[PDB]
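As structure tokens, one chain now follows by itself in the form deposited without its partner chain.
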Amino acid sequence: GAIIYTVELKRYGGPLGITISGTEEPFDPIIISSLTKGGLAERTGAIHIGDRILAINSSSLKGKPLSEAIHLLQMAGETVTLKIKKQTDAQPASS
């Protein structure tokens, strides 16, 4: 089954240490593409590359473009809550 969990991080005026990827297509997923070495996200060990962000501070990203996710993140506040879905067994198909 799909694994969805939520994490609340306190950035204290600092960054989360998370780099996300996506596009402006309303329904493309917002993916954690990399983590800053030594950053908060990495130090918690609770954020992983490849997982997708479903909501930020309770604001759903369903049908929202990357620009909205970036906006939600820089307008978050001292604490940021991320609803995350674990990546699955996706393998490239050749034809």
Second form
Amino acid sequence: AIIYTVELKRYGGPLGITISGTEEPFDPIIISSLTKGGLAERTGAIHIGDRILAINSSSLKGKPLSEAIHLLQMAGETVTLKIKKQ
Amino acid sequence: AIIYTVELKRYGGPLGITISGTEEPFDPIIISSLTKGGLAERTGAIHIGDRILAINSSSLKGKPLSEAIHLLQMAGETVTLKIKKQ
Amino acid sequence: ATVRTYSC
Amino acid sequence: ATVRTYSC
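Switching conditions: you have the form deposited without its partner chain, so give me the form deposited with its partner chain bound.
Every chain and every other molecule in the complex is listed next, the one we just looked at coming first.
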């Protein structure tokens, strides 16, 4: 299991990705796409298929997509993501 | 300028990264190659050509390659790399 | 369950 | 000027 953490400085903009998931607690939250020319793509830090285990230190284990969204809405200039490779 | 940070858990094994640099303080320390099948390569979050600005929070600004070697050997189980895109 | 997509 | 490498 390859797990790593990345800290992204978004320079006032979005991370440049879309995540997908359900409200079923243990379903995984996955990175589904990368915006062309966006931060995620330019850094090459995260990719499609990657599972998000935590955001800003708050675990998503057994948490619905709505929780991930709640956290993202409170993201500051720097966002930390714990990633699990598929 | 795009900077991001990656935290890797090498445990007892290697990061699977080869860095290059001179002993001239101002010269940049760069990621020159990745071990095929190594941790760094598997994450897909580390790229050849990018510059290492800091290791485990200690800045390499004005520091020679030898300092980076020193920091990596003392980094412990978790290695945090602050990276600047090339 | 329903799968939703969120841009961020 | 001498460039060296280190593998880890």
